[PDB]
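We begin with a single chain expressed as structure tokens, specifically the form deposited in one PDB entry.
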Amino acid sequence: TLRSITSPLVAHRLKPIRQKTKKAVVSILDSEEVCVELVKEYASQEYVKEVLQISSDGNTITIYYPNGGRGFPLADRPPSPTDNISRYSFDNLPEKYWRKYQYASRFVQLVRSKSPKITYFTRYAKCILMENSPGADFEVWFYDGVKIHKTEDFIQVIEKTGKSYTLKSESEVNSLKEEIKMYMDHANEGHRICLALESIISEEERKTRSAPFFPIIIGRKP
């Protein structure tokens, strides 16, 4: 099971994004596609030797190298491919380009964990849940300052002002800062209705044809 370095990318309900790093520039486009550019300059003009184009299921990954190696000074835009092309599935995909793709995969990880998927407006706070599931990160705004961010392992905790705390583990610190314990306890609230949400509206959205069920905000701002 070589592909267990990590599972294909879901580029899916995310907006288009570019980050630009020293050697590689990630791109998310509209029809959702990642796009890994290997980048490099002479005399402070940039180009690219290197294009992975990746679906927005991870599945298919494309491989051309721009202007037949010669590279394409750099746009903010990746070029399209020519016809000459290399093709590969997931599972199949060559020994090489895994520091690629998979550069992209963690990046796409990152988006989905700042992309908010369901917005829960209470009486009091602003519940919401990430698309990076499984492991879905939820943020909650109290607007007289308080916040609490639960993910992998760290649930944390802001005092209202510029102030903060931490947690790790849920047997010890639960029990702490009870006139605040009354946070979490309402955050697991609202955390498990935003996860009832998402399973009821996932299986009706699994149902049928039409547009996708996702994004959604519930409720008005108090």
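Numbering follows the first chain given and starts at 1. Whichever C-alpha set is largest while still superposing within 1.5 Å between the two forms counts as the rigid core. What changes on going to the form deposited in another entry:
- With the core held fixed by superposition, the comparison between these two forms singles out 174 as the only member of 59, 156, 174, 62 whose CA moves by at least 2 angstroms.
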Contents of the next structure:
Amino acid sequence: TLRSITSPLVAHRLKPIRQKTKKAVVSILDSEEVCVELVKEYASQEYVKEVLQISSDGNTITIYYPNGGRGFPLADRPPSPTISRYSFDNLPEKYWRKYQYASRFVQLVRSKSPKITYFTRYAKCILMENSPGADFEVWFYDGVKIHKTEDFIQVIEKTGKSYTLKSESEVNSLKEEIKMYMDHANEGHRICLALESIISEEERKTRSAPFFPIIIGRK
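Having displayed the form deposited in one PDB entry, please output the structure of the form deposited in another entry.
Left out here are the partners and the other molecules; the chain alone remains.
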């Protein structure tokens, strides 16, 4: 089953981007739908063999084959439909691998799209959109960098010494100066998840324009 290998992608609140690759284009549209165009070259020009349109929740997949014959020319935007409609769990295996391409893209975009920026007395924290276990960067004013992933934890020092850690396994053992930074960065993390939760809940009820991205505080 497809659900056993990935979760449906979520493109809500992500800025539009049309990213070209050698055999394909993957796109986050204005509608927040995620589009993947399959691209083949013939006669020294590039065409579009099939299109996978995914809804903003990755539940609905629309698929069409534009026809020349046999295809449509590459453009600044995706071809108009002229069609098969699936739900995530009824998507046939031949398309899974492609969906994972779009899925894997969104996931990466999400991990770089700030969701909550928060300014403390010592640092500008940034909770990213790749929930759950979203990336979390703490850019201290004094120059120190910290970055948290679901797995590992990278630290940089003013000096620029760059290094990384496992799941807090190595946590206790560190320069207690560093102990000071990580505590404060974890304080920020608790704060940001709380803010995420309440704002999310109010957004759930409100139903109009998004409450993220969000910058909070100053200095």
